[PDB]
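Complex shown without one protein chain; remaining protein chains in place.
Letters A, B and C name the chains as they come in the text, with residue numbers starting at 1 for each one.
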Amino acid sequence: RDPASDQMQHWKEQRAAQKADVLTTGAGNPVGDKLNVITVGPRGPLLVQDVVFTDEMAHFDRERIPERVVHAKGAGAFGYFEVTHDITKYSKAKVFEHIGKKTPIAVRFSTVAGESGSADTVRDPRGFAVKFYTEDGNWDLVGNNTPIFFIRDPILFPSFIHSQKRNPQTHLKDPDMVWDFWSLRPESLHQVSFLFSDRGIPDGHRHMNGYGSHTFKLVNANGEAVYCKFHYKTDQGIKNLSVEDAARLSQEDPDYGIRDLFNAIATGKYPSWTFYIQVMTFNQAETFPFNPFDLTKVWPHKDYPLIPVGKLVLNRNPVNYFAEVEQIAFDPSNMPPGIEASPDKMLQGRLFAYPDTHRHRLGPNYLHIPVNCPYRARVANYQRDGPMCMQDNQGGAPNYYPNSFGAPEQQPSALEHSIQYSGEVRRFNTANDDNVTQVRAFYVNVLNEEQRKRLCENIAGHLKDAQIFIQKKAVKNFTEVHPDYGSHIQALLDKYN
Amino acid sequence: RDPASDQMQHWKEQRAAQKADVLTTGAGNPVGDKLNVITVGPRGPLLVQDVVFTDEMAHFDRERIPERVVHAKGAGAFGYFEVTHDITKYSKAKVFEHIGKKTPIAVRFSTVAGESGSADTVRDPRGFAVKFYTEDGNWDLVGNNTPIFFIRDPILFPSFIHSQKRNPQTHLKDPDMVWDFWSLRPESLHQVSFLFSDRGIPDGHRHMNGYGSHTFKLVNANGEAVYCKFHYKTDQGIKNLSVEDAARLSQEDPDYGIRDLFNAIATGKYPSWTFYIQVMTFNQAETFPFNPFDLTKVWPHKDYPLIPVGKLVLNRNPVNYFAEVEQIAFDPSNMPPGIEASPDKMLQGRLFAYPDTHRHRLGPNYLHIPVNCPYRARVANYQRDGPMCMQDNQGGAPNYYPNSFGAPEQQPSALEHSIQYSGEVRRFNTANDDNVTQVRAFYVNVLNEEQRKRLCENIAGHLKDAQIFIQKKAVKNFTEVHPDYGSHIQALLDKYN
Amino acid sequence: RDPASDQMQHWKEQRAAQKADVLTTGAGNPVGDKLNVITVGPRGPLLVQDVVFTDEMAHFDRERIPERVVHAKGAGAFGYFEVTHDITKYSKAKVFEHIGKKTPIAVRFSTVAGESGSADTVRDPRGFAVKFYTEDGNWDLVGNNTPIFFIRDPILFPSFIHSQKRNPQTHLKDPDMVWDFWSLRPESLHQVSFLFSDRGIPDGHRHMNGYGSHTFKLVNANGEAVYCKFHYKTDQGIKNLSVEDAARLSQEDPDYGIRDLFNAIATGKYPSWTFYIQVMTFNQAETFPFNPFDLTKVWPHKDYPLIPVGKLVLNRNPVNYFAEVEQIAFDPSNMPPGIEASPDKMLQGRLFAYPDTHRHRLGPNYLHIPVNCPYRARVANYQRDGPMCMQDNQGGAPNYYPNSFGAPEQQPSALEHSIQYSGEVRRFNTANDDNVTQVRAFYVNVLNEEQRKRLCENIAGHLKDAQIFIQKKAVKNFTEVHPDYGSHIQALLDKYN
Partner (left out) sequence: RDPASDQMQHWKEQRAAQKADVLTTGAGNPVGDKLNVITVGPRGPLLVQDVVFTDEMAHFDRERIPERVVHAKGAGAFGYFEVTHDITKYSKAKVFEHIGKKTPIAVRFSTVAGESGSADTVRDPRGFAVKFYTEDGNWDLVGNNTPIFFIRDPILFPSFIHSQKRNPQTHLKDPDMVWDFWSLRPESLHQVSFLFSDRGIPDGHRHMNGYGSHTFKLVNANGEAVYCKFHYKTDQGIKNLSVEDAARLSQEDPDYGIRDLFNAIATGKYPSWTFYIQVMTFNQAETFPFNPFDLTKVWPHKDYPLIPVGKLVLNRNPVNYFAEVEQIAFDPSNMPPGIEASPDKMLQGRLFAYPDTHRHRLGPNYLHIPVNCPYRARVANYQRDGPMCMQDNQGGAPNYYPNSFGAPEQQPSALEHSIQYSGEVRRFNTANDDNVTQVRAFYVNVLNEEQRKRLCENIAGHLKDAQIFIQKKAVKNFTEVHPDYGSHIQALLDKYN
């Protein structure tokens, strides 16, 4: 059998030659018998003094935590990030200090819209989150398998996710909800085209690219700032499932990506990604034809070539899935000195959203969870007492700042990069921005004829379930991108009806 | 399209001729714009004074509650229970007072081992929980589609569920775990045979029986007590999917039972179940060949014929699934006067487990949730203040008992039925009880030859993935039930290997 | 006896002539007996089937919610706000629509630093929070009994509160912590002088003023904006306890303000406050000698006279304290159209802090708690499912925006007031701003000689416990305010040592 199937037998074999441990309660008291309950004779009622029973049961009743509101179904792995090139001119980050420096990483792969228990091999954006345990605290690159997203304003994210998930009355997937949203929000055409292309259903997590997707800000030691996009492309090469194979695997193995990643790491075939960046100067940002902070746009490779930085290798599988993968938390706000946020509205919304949801899901002190702890750095601050505190709580150190007792002091070299912003403080409309230019480019330059045909059949297959007016609004947006794109979908829809 | 698909269009049509409501914050303040966020000009960072954003997002970040530790995937419906026969001689329950009395009910159907997002059409026991809103408080008949269960002691339940669910390292379904447990616990042969028969994969929730499974105690107005088993058999008739059809539906519609029940109720075809009981006297209980409180045994129909009581009709679909189906809580401890627990160890464990898990999942004041409230009864007690209290909290009434200020008094007619139990207070072993007699009866009397063949192929298909020694231990137990049963499985396993 | 003592007798008298209600479980099942537990004979162990016991106990074990991190000890009352003057030229708020309009209000009084169970009559700032149930959602004026605060940057608030509360090792009040913070942060001199004056220990909650303390922004229907300060001065007149009387009442009645407010409202003597505003134009704000948004400064009455608006009357006592006073939540972010935030940094920090802590303390759906609900307004939005949801959860309405099914639409008349802000986006230092001018004014103009002497003895009495260097740093700041102020404290400190 595969290594995944032989988990229990491998556990037994690695612990052979030693006697079984004593079964205890949570409080360490030895259990006399855990197969029977205390009764008033053979056919009598259960006693309250059955403390072993009520402890076991009470813990069983409290096993479930809330699943992630998005990216619930997921797969986890560990390894390191190795620097291969010098980018110290761009960033002063300790993760990029010198060549050959290895930082430990934790990664989680996921499907955006699926719940815990949903099939792996389905058409959906794949999450690709990376947690770098840097000497200057944790760095969380929370990325996707696509360089763009559907929307460009963060106030629409809850709407988008509600449309992608189940109907609130029926509890069913509603193509009506999905295509109503997408047809009303035509800045999703670019991400929709990528999603309904061949790379919508990647063959596992080893054969997909990863992107930061956002513009980030690199600051060097001299204090100069540039703009960046992170790319981590697969070294195993891009590889996708057909719709038929994906549909078969959905019933055969709904845990295809968990099994694939576990077996790959267990057999020694460590998957690797090459870490690239694009650099954009402030003058180039001002003279960019589009908004360079627009999450629905990319930076073309001819104008902005990829600069290699290092490689990501995953070599260690999780010991316990719940402890290492279910409880891992990735905060985009976790950025070490040298890396900062850009004015990208979406990124600004993510800076709030993640720590908030982590406090709900995991709890106030979620950063004390081992996988979340910045173990390669020293944390000292005036943050004290909350629920489930599993440190000394910084002992008897003064808990106010400023003070006169040598408590932790602010480091002035870790200040943010200052910038002058123009305009009023109000709500600016971005719905009416360019929605079709880069989509047309992708359609008529990147895709070939058979790829265009498959893209159109995939869209038409999903969109046929929507109402007629929604089909018309969607096809109109596809026609505005390119007339062949719209006409081919319309022809297939007419066939389907 | 089917009624399920037209939820949104039906919502719009029923609310036609009125203008759209004003979009407000949670605090009722009108929202000026909810498509854009406040920035420092067109390409500026997000402001904290964007209260509309942070409210929306904060609520989105806290949408998920913990799924049920078991029976997570589920389907909900509402209707009534109509009394057709007089059983007042057996029970003094207000639910059974007089003929033609209608009590409102809430029902939830489920699969035991599947998570939220798992396929509906899979081989698993189906949950069939019924909440009767009686004048003497709520009655929760928390039943299954099988009259028995796998185990007879409640301390093994967490072990059983852990074996049925995912491996703690790999996060995969482990046939090794499933069949190791079942082979080591041979009192599961009866439930295993039922599960791997044709009724393992029922065609939706309308075409399955329901059983209390436990022995309950009926007390009449005179104070005499008897033993009972609740049966609710389908009026639509038993109907099952083939393995191939089930496997197809798993990828086609993972929400087959939700869709089926919604469409059935929406089109007017209300499903109905006929409520039966078996009665067992205390002398018959003492002279029963088996333990009558053993959850792995049934009461044979020749010795204990079914007595009709009434019918269960489901006529109303949930308005909002989360509010009515996700948040509904069924407590087996919720039993009105006339209905009591028997010495069945399993039932004794359920009396603790459910209210405990409900306090974790939903919260301390989960009985204030509308679907959980005993709205057809008046609650008055000395239970005060907890989190998320949404009543007057019983206003300024004295909060201690006894008192001298006319606070709620105990009703002496609602006392429990007293019984003398013999034997020591200790742990009695029940693993070595009869495990094969009723299993043999079922195999050679109920099943025909082609049903026996399908049963053997279904078991062999699942058990082939287990290690050789586990296969041998399982086949041994099947051989001890019946040699043809064991030999046929063994032949198929040898073919599979 | 006083009305407060006769709560139980009044309850009995108002419910005379009717029989006591039936004592039920939470699920509405009648309790047979609630004075004894089920045992295996007279001297036998307790049974698990004692469901009445375990329900009662389980609820008792979950009674406590987290106290407010600040303003834990508090007193609650209800009444109305009556408009007496027209300020429609300044604000378009429905609360100020027309003369004679009554809006229901909820008020909570409190002590900032005391825990639940601490003495009422102590030297501390008093909280004075007002919740207006306006037709345009709730308005929460979360004020103090002082027009200023200790600090002007919100990042120092957790430090300030930690210094005011107990030592993290000893769990004792530390004058060392208090005066170290205050001596290092000399912008607290103004609030410190007010706190150690006679109005530090008001005689109950009826004899104290209330202030918004922050600059707010009033917007009229025409779209013009001005700046505002809310004052609500007592109609019963300012009245204070001596240090000796306060010290006596601390042991005699630690619940002096709860008793005083309950008896005042119960006897019919309804306390009232007159609602005033100060108005500041944008040109006056630019030409103000100080920062007009500085929370340590006031607007002098000669330059900015008080403009009457209406009166606040409290006429109704809470029915249940836990439900109405412990669970009430005041969000400064809850502001109806016509009222907005100013650039005051402190106010900006409060816009985040309150809804965050409310989600922790009360829970995600704390706005469904009756006292927190905007019952005089209609809430409709795309916020769905969280823990302890006690509404229909907006039934089957579309849960995404924008949509094509007539779901709630944004109201363009409720947009925020736009303003152009100059300068870089960075951290600006405000520690080095004016700290002594208005403090000197207060000391030598408002206070008389005997008031100056009492102020100095109160400061010296508290500050004597601090270390010598902290005393010197504090006296230096007092000397920089005024040499007589510093010299008098120093003389008293030398006497104390």
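Keep in mind that, in the parts below, a residue touches a chain if its C-beta (ideal position, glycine included) is under 8 Å from a C-beta of that chain, and two chains touch if they have at least 3 such contacts.
The chain not shown here is touched by just one of C:86, C:224, C:392 or C:424, and that residue is C:424. In the complete assembly, the contact with the undisplayed chain comes from C:65, out of C:22, C:27, C:65 or C:228. Here one chain is not drawn; of A:300, A:370 or A:483, the residue touching it is A:370.
The chain that is not drawn here is touched, among residues A:42, A:175, A:402 or A:461, by A:402. Listed residues A:231, A:359 or A:488: the one in touch with the omitted chain is A:359. Listed by residue number, the positions of chain B touching the unshown chain are 40, 45-50, 156, 158-160, 162-163, 168-169, 177, 180-181, 184-185, 356, 359-360, 364, 382, 384, 393, 395-405, 415-416, 418-421, 423-427, 469-470. Residues 4-5, 7-9, 32-47, 52-54, 56-58, 60-69, 72-73, 75, 114-119, 153-158, 161, 166-174, 176-177, 180, 247-248, 250-251, 254-255, 258-259, 262, 291, 293, 317-322, 325, 341, 343, 345, 348-349, 351-353, 356-357, 360-361, 421-431, 465, 467 of chain C touch the missing chain (whole complex, contact as defined above).
By the touch definition given at the top, chain A reaches the unshown chain through residues 7-9, 11-12, 15-16, 20-35, 38, 40, 45, 48-49, 51, 54-56, 58-60, 62-65, 136-138, 319-320, 322-323, 326-327, 331, 333-337, 341, 348-349, 351-352, 355-356, 359, 362-370, 374, 377-398, 401-403, 405-416, 421, 425.
Criterion: only the chains that are shown with their structure count from here on.
Centroids of chain A and chain B (each the mean of its C-alpha atoms) stand 34 Å apart.
Computed centre separation for the pair chain A/chain C is 40 angstrom, with centres defined by C-alpha atoms.
Computed from the mean C-alpha positions, the centre of chain B lies at a distance of 47 Å from the centre of chain C. Annotation for chain A: residues touching 2 or more other chains are 40, 45-47, 156, 158, 168-169, 177, 180, 356, 360, 421, 423-427.
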